[PDB]
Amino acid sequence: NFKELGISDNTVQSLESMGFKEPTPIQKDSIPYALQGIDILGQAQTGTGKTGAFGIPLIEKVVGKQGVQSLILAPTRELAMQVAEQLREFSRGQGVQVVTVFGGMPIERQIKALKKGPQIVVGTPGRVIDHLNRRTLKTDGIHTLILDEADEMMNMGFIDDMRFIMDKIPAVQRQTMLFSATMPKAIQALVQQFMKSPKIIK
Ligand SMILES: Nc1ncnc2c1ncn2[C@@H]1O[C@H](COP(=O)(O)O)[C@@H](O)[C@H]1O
């Protein structure tokens, strides 16, 4: 169960309340490794429980810390919103802020949210780069970087954006996770250059 995987009591209560009675296979396989700080390469698709697989240990990692601690990249506004909603449910009542940054709104609204130093930022690669270029997303405290559906981000033209983000965020103290159903050459290059010999989970 989630307790036996190493998850704290308050987070487990929140998971139970959202209907997570038992971990999924990918959560059982990933979570103990994610908690150990190891880089993870997940070959998984929606339906597996992959949001919980990265999100649950991320909550355990950032709770009680200050400033932007983690960045999750998603291919679409819709997936970003869904991931952010789940993370807010996981972390219910523990003082964790989650901020979403994607296109379609003026960037001023997001800048204001980022000034408060949310522990978790979830965004699309293009919008994230806008904040990096404006210095409104500080990378100095970012200790976890998650690429959700890396193949889909590449299908939408974001490979250079992903490369840039992975190069710009300091790597030595960073834990990186990459989830993707397919791994074409461009994605394999990201793993080889920007990750630390990740554990492969299938
Ligand atoms: N351990 C679990 N028990 C029941 N439902 C879950 C569990 N983990 C994830 N889910 C749900 O599984 C669906 C697929 O999640 P994902 O693969 O993260 O897109 C989502 O609706 C989640 O809420």
The other form holds:
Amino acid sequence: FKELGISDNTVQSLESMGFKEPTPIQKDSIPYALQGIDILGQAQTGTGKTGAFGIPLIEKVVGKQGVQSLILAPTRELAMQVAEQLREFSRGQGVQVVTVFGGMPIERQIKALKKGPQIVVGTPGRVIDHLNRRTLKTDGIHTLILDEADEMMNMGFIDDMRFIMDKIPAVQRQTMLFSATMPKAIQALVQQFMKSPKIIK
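Go ahead and give the structure of the form deposited without adenosine monophosphate, now that the form solved in complex with adenosine monophosphate is out.
Single chain only below; no partners, no other molecules.
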């Protein structure tokens, strides 16, 4: 992990979890992530690839104020799994991770967001609710990650993804998109809302 250029503190967090050896997707993705480049990852669905974006994210967000990164996921289950992996990658570092998803009363989520977590993981329709209420502020969002974009499209979120990517300023934003398949509409997200991304398969 040290050789991939990860921070000393994140190497310590990973060692404390027993995460010793990077997977092939992590070796391929992490150096580019650290360089600030956008990433298009064609990868298997679920949590095996979370480290590829999550590990280098920690040193980017740690210690800062306000929401620094937004990760979109198709489901509560994946959002919660990804959030828990991010708390493991950052164990001991004090990085606050909040999950927002639909089908829950919004008040509790609003209280969590007011505490200023550094990473928000959420489902797209509920993310939009927060954006429009101004309970999720966009001013600090310098990393936007779409996890399982095709699944998000399957679940009815294509217009929500387009809205979110357009609403959040791109000038100092790193964007990553992970999907097992690339439907036409997802191709269009890459075209309109990403910066010449590096391709990882």
